[PDB]
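With one protein chain held back, the other chains of the complex are shown just where they sit.
We just call them A, B, C and D in the order they show up, numbering each chain from 1.
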């Protein structure tokens, strides 16, 4: 019954609310180390990013102190979080309604007072997404941790001394690159001062699904539109061909609107290209109608030749411009 | 060993339900200050607005009275909400099934009794939206707080003394402007009266998603329907081209219905425009079928000339009318 | 103080399970008064109706009593439900997995056992919806409450003394009419007798999106189908016109099915009209194929004239028949 | 008070974990009676069935032994579930993460010791659906209950002595037919054995939406495909009309895939019919293209006449075979 007597002696008058400090004026240097292990989802409909990971907490505890020489060693003791003081550091921009936790019900404590508590959670946060380069984009995400209840006058949110956590987690659909965290002084008001720890996650859209399913049909229908003027106006299918392109392009517009989120910043390049081929269809149908109703000598040959050349040059320049980004 | 002494000597017989007032007949002038920090979503499908923010409360505690002179200063103390009396003020029209909380497990207390409890939560509320101006609308939202358990005979929901809280919080899809809150005399019944705190949120749609997705294709194919009747009846393509507009406009109606909500006030201007180009296609198909039936001397020239002119003038007037909004 | 000693004296041995009655054989006249404040949704996919509101609970408490006269009055005391006996009155047809409560952790009680506990909740209930008149329907909804643990031999479940609760809270998408509640003698089994309190809500469909998204396109597409007999079969576009209507009607049925739910009673009028216009496309394509086969003497004039007349007259009679509902 | 004396003297040493048995080797006779009152939904996408119901139990309590003669009657006592022993009966195929209950916080108890502990809940069970006979299907599926925690050495899991459970819960969208429950002696291994209670539900799919949304469009387009071959190849509309059927049938396939679940056993007959008419379109387009190719004397009259005859007879025979189930 050794651990039992340790629990009895060290839970003598231990309240779970008192600040674990020796001097009331002094603060406690609380360390933090966030580490994401995998990305689950990135839903741009609400700019929500859900990735699982673990947070590493350190703080020396004044009352937690004992000698292992006469206590048969056993320097590491596992104590549930409910019976021990718990830091209040949370995510500023959590997306979940309640800040839930996973297997965060047990923490290890050392004889000196060092506590290697390692909570794990599936963090859901918000980050700003640059949809202009979509899908060939490099949208950064930011994960920021800090305390809202107490201020710097209580605790000192610092970084780990050892920062050898420069890993690269590449997935089958998204590439995650870690960024060295920094400490910034958040300001809550003029009188009171706060603190925060920011870390960066490079998101690389390595999933071929988006570009392969979207841009390929758009460029194909652009190819079809490029060939419209070769059809003679008398074929009675020129208008039908163009209106078929109209229906197809509306179909791609609808699917893109279903997929590409309502919460939008700058216009996406794929949406701009689709709208550009859409006005392409508008203009070339207009010219086809002009040719056919002018027919009823037919000099439409020069007209649609210079027409075709103009669309050749403009389509090739827009295609190279959009390809230069990738 | 001092803070523990304060907790031992100040929580002697402190219940979690007794009103913290000295005179039983007297009420407490409880303060309130809400502040939204970021907008998450505005789903008009149920008129739900989800924004994260923080609420600020103040009330002097008669029981929690002591002097910092003889207790070695330390006027700032952190006590969990579970061990202290808690105001019951909540939000009237919350959308969540349970009125959840985030990091609302610790509050600060002073020597006088000044308690700056700062809960944070992602509030989901309801407010009426003016869809007549959709998507170029500036639909107000209302965030309102009050007490459902007790009435003015118990507390006094007042505002923060500092009212210069005019901040400019803009997002990537909406821009948010704060309005200074006001206190109103709510009436639960004839005998008893309650208080309410109401604040206004200017939501201005800065997202470019709606316009590019809906209006541009619709307006350009409205232009196409404007220019369609130049096709001769004998070309055997007027019916096909018009029915292609029929299919395309039905697809646009489908996507708008999937997006534009069921809960509707006045008809949206975009929906009205789409229905009007739909009846446009109906009418010009009518006229084209009548003309082709009559053809099978050349009396259709005047008919479709006046047709084209009349639809030019009505299309230009409707376009300027809808553009006058923005 | 005064409140503290009163709570100490009145919560000596008050269990949260003993029936608050003086005579064991006697029952307690528990009164209920439900009041809806706003409607959230009517999801006909599972015939679920979600509306927020508050319930007014009344019962006596012989065990809990005092004399305020010698105790400086103060007859109004707020006590959380966790420390007081609580009726088990629940909704019969709740949709949530757990019958949750909102800000119902405090109840006001007076001196002579007339506690005024007012729980609030967003009730999600089940009620039959009459889709035969959709969208011009008046689907009644029913909210029924009672006790399932104990029977009339324990409690009463009566109504409030005054019934002046005839409020007209109509929304921007639904019109809500309250109906005065009634008490009915529910039976739990043959041996035991129970009670139920039922209130009715008249739901008037005032949403305009439904009709402007469904009836207008179907009615004008039926109109367009009425135009096709004028086109000569030899024009090679009559078949194209008919197949275009076929595709349009298929799309129309598709998003109608996507919107109009699976759980259904009598067939909706819009579905009947859609099936009708499908029957028209079938019949008139049949006759067009017959005419074109005959052409490739010219007696189709009388045939399609009588076809056109019969179709127009029966279409107009069914349209006025369905218009008679609204 | 008297009931307070009962509670004090009957929970003197009552733990909420000890088996309520007198003899250690003896087991306790627990009964079961499950009754469904209203089905919520049947989502075949995950083979989940949400039905609202209640569960009735019987077990004598050795501790709850006393006589009402000396205690002034009072043979009906209300005891909350938290302070009393409860069986661990659980549905084997629940879908909710937690075995949630509704108003399961109170039970009755008598001097004999019988308990009408009757929780109500919305059970989301897993049961197999035979989609081959859609919509003319009679798919039985079952709810099975048991004790996964403890084994037969503790309890008995029997049925009610009175099995007068011949009640039919009729609905406007689904008909529920109850089957008498059964008991099986589950065998894990030589050392451990279990038990299970079975209730069977006949699901009559009385919803009329499914037929009007799926069979009607498919059969009408089958009629059009059957009657198309009269269109002469020289009309230049046969190919367009057939490809219009292609588009329509693809749209039907897409809507069926959206509705008819991914989790599938045998192919649905409606899906088979749609695929068969779609390959019908493919085959007769093949023949039409071959005929128009060989056109440039008209030998196609006999060819497409025998085509029409063969395909009409096969279509009518497959339709009557499909309908012969009823």
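Going forward, contacts are C-beta pairs under 8 Å (C-beta built on N, C-alpha and C of every residue); 3 or more make two chains touch, one makes a residue touch a chain.
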item	value
Option from A:90, A:118 or A:198 whose C-beta touches the chain left out	A:118
Identified contact with the non-displayed chain, of A:45, A:76 or A:182	A:76
Residue among D:5, D:83, D:150 or D:325 touching the omitted chain	D:150
Touch residues of chain A, complete complex, unshown partner	1-4, 7, 38, 40-41, 52, 54, 72-74, 76, 78-80, 83, 96, 100, 102-103, 105-108, 118, 120, 122, 172-173, 207-210, 212-213, 216-217, 220-221, 223-224, 227, 230-232, 235-237, 240-241, 244-245, 247-248, 251-252, 254-255, 258-259
Chain not shown, touching residues in chain D	13, 15, 17-19, 24-25, 46, 88, 90, 93-95, 97-99, 126, 128, 148-151, 153-154, 236-237, 239-240, 243-244, 246-247, 250-251, 253-254, 257-258, 260-267, 271, 275, 278-279, 282, 285-286, 289-290, 292-293, 296
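One rule holds for everything that comes next: only the chains that are shown with their structure count from here on.
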item	value
Intercentroid distance (Cα basis), chain B paired with chain A, Å	24
Touching two or more other chains - residue numbers and ranges from chain C	236-237, 240, 244, 247, 251, 254, 258
